[PDB]
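> So the chains spell out like this:
2 protein chains.
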Amino acid sequence: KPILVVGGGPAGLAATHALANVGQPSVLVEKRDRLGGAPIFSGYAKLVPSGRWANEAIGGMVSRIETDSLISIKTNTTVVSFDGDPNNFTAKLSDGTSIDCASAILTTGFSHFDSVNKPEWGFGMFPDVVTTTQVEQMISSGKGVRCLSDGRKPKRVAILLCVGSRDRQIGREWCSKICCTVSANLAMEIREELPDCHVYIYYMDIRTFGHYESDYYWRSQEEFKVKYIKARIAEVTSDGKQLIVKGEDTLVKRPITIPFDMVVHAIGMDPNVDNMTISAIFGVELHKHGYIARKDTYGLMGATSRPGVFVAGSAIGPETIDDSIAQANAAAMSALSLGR
Amino acid sequence: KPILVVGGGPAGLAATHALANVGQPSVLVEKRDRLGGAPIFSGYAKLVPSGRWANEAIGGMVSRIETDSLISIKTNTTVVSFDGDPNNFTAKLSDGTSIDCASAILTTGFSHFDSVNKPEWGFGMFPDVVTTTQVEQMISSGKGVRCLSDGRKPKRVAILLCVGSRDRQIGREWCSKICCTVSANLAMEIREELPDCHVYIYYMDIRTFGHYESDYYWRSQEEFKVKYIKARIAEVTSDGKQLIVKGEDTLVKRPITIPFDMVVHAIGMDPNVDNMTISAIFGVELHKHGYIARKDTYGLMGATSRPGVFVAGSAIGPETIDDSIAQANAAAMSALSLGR
Ligand SMILES: Cc1cc2nc3c(=O)[nH]c(=O)nc-3n(C[C@H](O)[C@H](O)[C@H](O)COP(=O)(O)OP(=O)(O)OC[C@H]3O[C@@H](n4cnc5c(N)ncnc54)[C@H](O)[C@@H]3O)c2cc1C
Ligand SMILES: Cc1cc2nc3c(=O)[nH]c(=O)nc-3n(C[C@H](O)[C@H](O)[C@H](O)COP(=O)(O)OP(=O)(O)OC[C@H]3O[C@@H](n4cnc5c(N)ncnc54)[C@H](O)[C@@H]3O)c2cc1C
Ligand code: SF4
Ligand code: SF4
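Chains A and B are the protein sequences, given in the same order. Its first residue numbered 2, the first sequence is counted upward by one per residue in the deposited numbering. Its first residue numbered 2, the second sequence is counted upward by one per residue in the deposited numbering.
Same shape as in the complex, but just chain A:
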């Protein structure tokens, strides 16, 4: 009897591999054409905290399951119906396949915030307003960091933190957790490629928690001369030659009008746009902010509101790769407990 794992990103790749390593078969259902989740589909460059290229690090997590006979992979597929009870579930797939499964682990991840939803910060208005995902792709493709307007190397880059996060006005109250460290990492990578480029990070708080404090926040300043300015950004405009970052220096109303060649948005981790459908299909409760709800960890690790259905990773909220992998292995550990 296999365990159904839904979503083939870092979390689903970790859960299926962990189960295969104890001789438990699984079926991995992935909606996209390829596995790897956001780090692969979105072309991430070097990951935090390892410094390894996502194509290699997550690519290896994909490779090792693609030829493991205990894992049946279904790409370009979704679960259209799910019924039954623990050790007696039936999952029907979009291609007509029916799977008799013991349990299900939801590793369906998140959705990148679309910066068109924060219009005052200029995304979609000006080509040189880019997301962190675009910068990751410029680096990971080896093309390099360049302005989209004319292909030039930027001499001044601003990174705006909290784009689509910590923003009650657009219904996104959460902190997306990893964007501070990702921005510090990207700022160092920009500086390594472009030694004449000045990088400024405009923030509300810097949240390089744990080991990220010295490895990313300190290092970005001392080795790479990245500048950090506490400011509430009002808008991004254009004077026809440069982009202009307008805001209030500190937490008060001290006006700032600073010119830049490129403005990067540290976009947040929205709940997966498919969560209302996943909730209806699997019969699992959602968190008040739209993520898939998880019970407290002291009881059954990774449990959803439904017996026999588990959840791990960014499906539950903004989350890092290391934590998503730990959660996925733990949810696999909980699903195995149903066999007694």
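Think of the hints as simulated: they come from the structure by calculation, not from any bench. Careful, some of the hints might be misleading.
Given that identical chains are not distinguished, each listed pair holds provided it fits within a single copy or across any two copies.
[Stated by the list, open to error] Derived DSS-like pairs: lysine-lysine, alpha-carbon spacing no greater than 30 Å straight-line:
hint: 1; residue 1: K254; residue 2: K231
hint: 2; residue 1: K144; residue 2: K75
hint: 3; residue 1: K228; residue 2: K75
hint: 4; residue 1: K47; residue 2: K296
hint: 5; residue 1: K226; residue 2: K289
hint: 6; residue 1: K254; residue 2: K228
hint: 7; residue 1: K247; residue 2: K228
hint: 8; residue 1: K228; residue 2: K32
hint: 9; residue 1: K254; residue 2: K289
hint: 10; residue 1: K156; residue 2: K228
hint: 11; residue 1: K154; residue 2: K228
hint: 12; residue 1: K242; residue 2: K289
hint: 13; residue 1: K156; residue 2: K242
hint: 14; residue 1: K156; residue 2: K47
hint: 15; residue 1: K93; residue 2: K75
hint: 16; residue 1: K254; residue 2: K226
hint: 17; residue 1: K228; residue 2: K289
Mind docking chain B with the ligands on chain A? Use the hints.
Showing chain B with the ligands alone in chain A's frame:
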């Protein structure tokens, strides 16, 4: 053979229970007289993010293993020698017992920072300078938040963040990760008990990441009127009857001299004082800052530098309870893979 789990806090309690739930026996070695780790021996009150009392939440994690015949608990015991290879280890315990084990999981945790090590901030000088652990104990005992000097209810409380963290001068470069949220939680608990008490939190950054942003940072301000001031604290002194917090108000570079009844230190999570001994005994590498090193998560989740030895939780660095529990379940999952 059984799996050896060292340290009976949240992580060790989670690993042993998860193994027993799949029929794998374990031996839990705990140096102290009781299980529960820091939340129990340090008398934590309500936990984040659950809001449940640690005595109930972690107490249940202890209870459920104390009568599970698949788990052999050895309190007041340490591992004095460890030798062998995966599926062929021998652990010798301080009580003379010898354990033939398949693998070992290190869940040996951390050590609370002692603020006698930041003397300019008044700990040990004045009875009303307390740690967050002391405030947790005032609440969890049901005695309530009271000044040690005369037993009065404080009317003004200051919480100083980053005590023993983010401080290169004392060799503690890391961010201790959970103290921002713990302080916001404690500030709300103080306000709930003492409606006439004003609580001020002095910070460098507020790091209520993920779901903690709206549940703790925003709620502490909007529902509980907790005040947050960005400031670098130079010293804590006394005028004879009250404490004086002296610093520099970051936002508008101007000095501050503010009176308080109680000053709380948000103490950091140092590496376990036993880590050099554990490293020597188990033959595992340490992180540059003294924690137990963990390999990257993309390979084998929870692996140390030594084959067959795993690590989870605050042993690796400052860590939350939910993350420590997930990591412990994941390390149990990796230890099970050694059976092939
Ligand atoms: C710019 C940027 C850089 C980042 N870099 C880092 C970094 O360096 N380090 C770090 O720790 N974190 C990083 N993160 C965070 C990282 O993206 C997440 O931790 C990680 O992708 C979460 O993995 P996951 O498996 O939970 O979800 P995802 O990566 O979102 O994978 C979910 C998978 O499920 C699939 N899926 C979705 N819906 C369905 C459905 N209905 N049916 C079936 N399949 C479905 C998706 O197609 C996808 O393949 C970064 C984030 C951003 C925005
Ligand atoms: C004031 C305060 C409040 C906190 N509140 C929260 C909260 O609300 N929510 C949250 O998520 N986090 C909280 N934390 C963090 C929390 O304490 C940790 O996440 C948690 O204790 C880590 O669990 P652990 O099992 O890794 O380690 P520990 O709790 O440190 O347990 C380690 C165990 O191993 C034992 N041990 C140590 N050395 C040896 C050895 N040589 N041999 C054998 N046994 C050994 C110890 O005696 C102990 O029982 C708080 C921290 C502080 C300082
Ligand atoms: S991690 Fe940093 S950039 Fe991301 S939402 Fe939180 S405070 Fe903003
Ligand atoms: S979590 Fe907050 S209080 Fe703790 S070290 Fe980090 S910034 Fe300081």
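> Against each hint, give a clear statement of whether it holds in the structure.
Hint-by-hint comparison with the structure:
1. Taking CA atoms no more than 30 Å apart as the test, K254 paired with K231 passes in both settings, with 11 Å inside one copy and 14 Å between copies.
2. Taking the shortest alpha-carbon separations for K144 and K75, neither the intra-copy value of 32 Å nor the inter-copy value of 58 Å comes in at or below 30 Å.
3. In the homo-oligomer, the alpha carbons of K228 and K75 never lie at most 30 Å apart, since the shortest distance is 46 Å inside one protomer and 52 Å across protomers.
4. For a Cα distance limit of 30 Å, the shortest separation of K47 from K296 across copies, 17 Å, qualifies, whereas the shortest one inside one copy, 33 Å, does not.
5. For the homomeric pair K226 and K289, the shortest alpha-carbon distance between copies (23 Å) is at most 30 Å, but the shortest distance inside one copy (40 Å) is not.
6. For the identical chains of this complex, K254 and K228 are neighbours both inside a copy (19 Å) and across copies (19 Å), given an alpha-carbon limit of 30 Å.
7. Taking the closest pair of Cα atoms, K247 and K228 come within 30 Å of each other both inside a single copy (17 Å) and across two copies (27 Å).
8. With identical chains, the CA atoms of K228 and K32 are never at most 30 Å apart, being 40 Å at best within one copy and 46 Å at best between copies.
9. In this homomeric assembly, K254 and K289 never come within 30 Å of each other (Cα to Cα): the closest approach is 33 Å inside a single copy and 40 Å across copies.
10. Proximity of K156 and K228 under a CA criterion of 30 Å is satisfied intra-copy only: 14 Å inside one chain copy versus 40 Å between copies.
11. In this assembly of identical chains, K154 and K228 lie within 30 Å of each other by CA distance solely inside one copy; the values are 19 Å within and 44 Å between copies.
12. For a Cα distance limit of 30 Å, the shortest separation of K242 from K289 qualifies neither inside one copy, at 43 Å, nor across copies, at 47 Å.
13. Taking identical chains as interchangeable, the C-alpha atoms of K156 and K242 lie at most 30 Å apart only when both belong to the same chain, with a minimum of 13 Å there against 56 Å between chains.
14. When the C-alpha separation of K156 and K47 is checked against a cutoff of 30 Å, the pair qualifies only within one copy, where the shortest distance is 22 Å, while the shortest distance between copies is 50 Å.
15. Taking the closest pair of Cα atoms, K93 and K75 come within 30 Å of each other only inside a single copy of the chain (12 Å); across copies the shortest separation is 48 Å, beyond that limit.
16. Taking the closest pair of Cα atoms, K254 and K226 come within 30 Å of each other both inside a single copy (25 Å) and across two copies (22 Å).
17. In this assembly of identical chains, the alpha carbons of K228 and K289 lie at most 30 Å apart only when taken from different copies (26 Å versus 36 Å within one copy).
The structure fails hints 2, 3, 8, 9 and 12 (numbered hints given earlier, in ascending order).
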